[PDB]
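Only one chain is given next, in structure tokens, and it is the form deposited in one PDB entry.
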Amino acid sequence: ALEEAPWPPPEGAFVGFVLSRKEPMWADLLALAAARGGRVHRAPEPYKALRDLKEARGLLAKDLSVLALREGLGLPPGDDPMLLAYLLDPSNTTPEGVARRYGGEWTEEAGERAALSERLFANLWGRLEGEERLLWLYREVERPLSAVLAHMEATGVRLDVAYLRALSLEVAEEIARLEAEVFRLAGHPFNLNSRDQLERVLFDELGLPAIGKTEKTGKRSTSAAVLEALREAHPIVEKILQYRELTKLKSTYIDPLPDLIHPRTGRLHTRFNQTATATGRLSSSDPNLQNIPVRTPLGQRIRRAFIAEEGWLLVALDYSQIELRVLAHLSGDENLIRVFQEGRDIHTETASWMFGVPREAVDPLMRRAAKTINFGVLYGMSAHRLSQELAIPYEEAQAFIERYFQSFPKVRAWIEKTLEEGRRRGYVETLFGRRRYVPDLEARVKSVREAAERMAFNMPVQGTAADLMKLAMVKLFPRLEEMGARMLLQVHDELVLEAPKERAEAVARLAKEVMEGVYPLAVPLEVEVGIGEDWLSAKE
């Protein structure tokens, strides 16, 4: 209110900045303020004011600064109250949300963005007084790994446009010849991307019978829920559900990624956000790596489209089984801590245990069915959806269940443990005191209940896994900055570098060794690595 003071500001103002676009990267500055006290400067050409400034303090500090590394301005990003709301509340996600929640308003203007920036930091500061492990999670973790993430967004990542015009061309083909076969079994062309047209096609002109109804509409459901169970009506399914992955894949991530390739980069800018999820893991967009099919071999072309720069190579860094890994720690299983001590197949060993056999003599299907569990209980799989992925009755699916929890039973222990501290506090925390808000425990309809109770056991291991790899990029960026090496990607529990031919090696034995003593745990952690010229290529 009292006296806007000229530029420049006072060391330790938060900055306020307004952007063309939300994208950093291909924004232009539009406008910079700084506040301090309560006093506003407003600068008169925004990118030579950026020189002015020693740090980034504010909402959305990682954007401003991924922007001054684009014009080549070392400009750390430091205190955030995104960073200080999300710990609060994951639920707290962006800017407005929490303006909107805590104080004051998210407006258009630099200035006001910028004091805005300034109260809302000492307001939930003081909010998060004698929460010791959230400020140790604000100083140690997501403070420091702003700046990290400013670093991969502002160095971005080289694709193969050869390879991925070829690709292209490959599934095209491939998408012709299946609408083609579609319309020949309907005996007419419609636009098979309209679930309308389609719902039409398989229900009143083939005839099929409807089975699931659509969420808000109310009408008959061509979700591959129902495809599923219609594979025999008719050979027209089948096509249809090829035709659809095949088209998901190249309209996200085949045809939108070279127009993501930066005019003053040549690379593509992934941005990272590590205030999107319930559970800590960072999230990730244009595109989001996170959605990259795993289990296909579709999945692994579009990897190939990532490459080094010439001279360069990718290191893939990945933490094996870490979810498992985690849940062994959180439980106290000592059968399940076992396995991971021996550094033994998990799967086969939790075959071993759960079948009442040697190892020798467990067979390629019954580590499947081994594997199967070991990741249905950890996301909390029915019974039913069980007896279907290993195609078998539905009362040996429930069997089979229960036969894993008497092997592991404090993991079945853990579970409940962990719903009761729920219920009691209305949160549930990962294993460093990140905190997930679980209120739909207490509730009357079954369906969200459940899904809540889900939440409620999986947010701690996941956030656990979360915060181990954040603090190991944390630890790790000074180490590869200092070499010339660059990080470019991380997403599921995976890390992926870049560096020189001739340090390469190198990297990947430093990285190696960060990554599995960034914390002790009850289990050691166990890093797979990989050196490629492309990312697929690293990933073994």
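Residue numbers count along the first chain shown, from 1. Each form is matched to the other, and the largest set of C-alpha atoms that superpose within 1.5 Å is called the rigid core. Compared with the form deposited in another entry:
For the listed set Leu167, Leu134, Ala466, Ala110, the sole C-alpha moving 2 Å or more between these two forms on a rigid core superposition is that of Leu167. In the core-superposed comparison between these two forms, the C-alpha atom of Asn374 has shifted by at least 2 angstroms. Put the two forms on the same core and the Cα of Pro439 is off by less than 2 Å between these two forms. Once both forms are overlaid on the rigid core, the distance between the two CA positions of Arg423 between these two forms is under 2 angstroms.
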Contents of the next structure:
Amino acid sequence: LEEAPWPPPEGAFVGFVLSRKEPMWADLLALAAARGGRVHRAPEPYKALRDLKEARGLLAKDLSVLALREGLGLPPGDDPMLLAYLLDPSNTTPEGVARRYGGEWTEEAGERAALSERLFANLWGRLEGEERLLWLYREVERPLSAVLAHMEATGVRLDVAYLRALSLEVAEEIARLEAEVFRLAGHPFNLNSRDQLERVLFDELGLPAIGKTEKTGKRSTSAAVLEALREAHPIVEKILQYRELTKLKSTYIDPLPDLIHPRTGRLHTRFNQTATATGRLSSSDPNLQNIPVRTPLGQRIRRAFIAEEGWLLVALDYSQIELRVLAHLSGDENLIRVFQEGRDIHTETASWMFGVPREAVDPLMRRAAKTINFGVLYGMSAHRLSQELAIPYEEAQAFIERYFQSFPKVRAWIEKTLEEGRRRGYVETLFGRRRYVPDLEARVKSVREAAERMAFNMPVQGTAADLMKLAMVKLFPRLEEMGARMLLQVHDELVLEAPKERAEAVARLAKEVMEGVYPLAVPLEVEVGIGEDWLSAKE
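Go ahead and give the structure of the form deposited in another entry, now that the form deposited in one PDB entry is out.
What follows is just the one chain, with no partners and no other molecules.
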């Protein structure tokens, strides 16, 4: 491959080396580009960044985020990772993709640029005549990479001093709990070691082991086990409380304040575009899609995510999105009329679980009801239904005679979905995103049945993901116009930041864009709230 002096012509493919994976923290070690049988290697990569008009190549978005960090608008364009991921969503890393589609992912920018060029050639050919995947690439994934780059580079503000104070308070409560556990154990041990805990609970104390761990067959110490032991010894309660606190402390309270960026004063996640089997995004480095919210301490942590001075957070959450998608994908009339009319199913379940009027339902009672209706839907055991409801098997089985009894075409839809996955080797979303599920004709029931659950979940979860992504693509230019920002995506929700004076307008526009993204046989409802913090913006 011919070496030519740096600058490349327009439309060249880029290769780059980062000192580390996170583009907001990374030093740009090298930059190169490829076109027309020439490779161009940058003498000094930061300065060489100014010459490009767009990031075109493997991991295009990551380079674009680093460009934005440096005050440059270098939007991501074609990325062979996105083409390969649409073909087969197990194409998630560039190591894998290079080997599969015609090269080797090295640690050299020039080779990486050449690799991008020839991988795009090959992958663009594989998507010839794959009209619906091409639509997803042009209308969702490629434009979405730009949106996510802005989200990544913008970050979210975090109340740091508040989290530091919270840390010292939770440290004292943890100390209280561990001292009481050690007394009840009759000795101190490492309470964070589940192996040590196993021996204390089941050998030294006499408590009955319920279940076993999956890979190594040890006696389980999980919450589900411990809940069934909640009055068989006073120690179990303390352990459950200790687990809650140390999880939140070790994962959220302590690490997040140390991740504030020195230039932005904000906390920056990565939104991974080729990481799931269904077409959802993921978030990492720090994961901001699992910030807690259920428990009171969880809520305290969520209040730490705050609007910039003079701005408000706007949180928009789709209501019962997968259930509405199912009504559409299947065509079940009784499910369609429930949404056409305007009933609630999470609240319907909660008021019958807890045995209270509907007016007496609240947020945390609906939390319980989400394990039940989703859980039950995607192939839950009658037996486990009994456990989390905490009732007999006779009442848990008859619920899956009622949750299903009314809806003939859901069953027919699952079965149709499974038979097509067996035939074609893949299942698909409403827009034709594929997941290959090979184990549907496996000869071992438990493997076959796990594969089935995965297979009929994907059109549902994947369609909801497609809708949210499309909604993000259309919403983004409208917010830039209003001087507003998109901060986070959490599967079925978005969090925006709007100047105080334009917040209510932003809220109304965003809602309307999300409700009418792609009309279905049933309406999409979005709940919206505005606030100084992430918690209060939903309440």
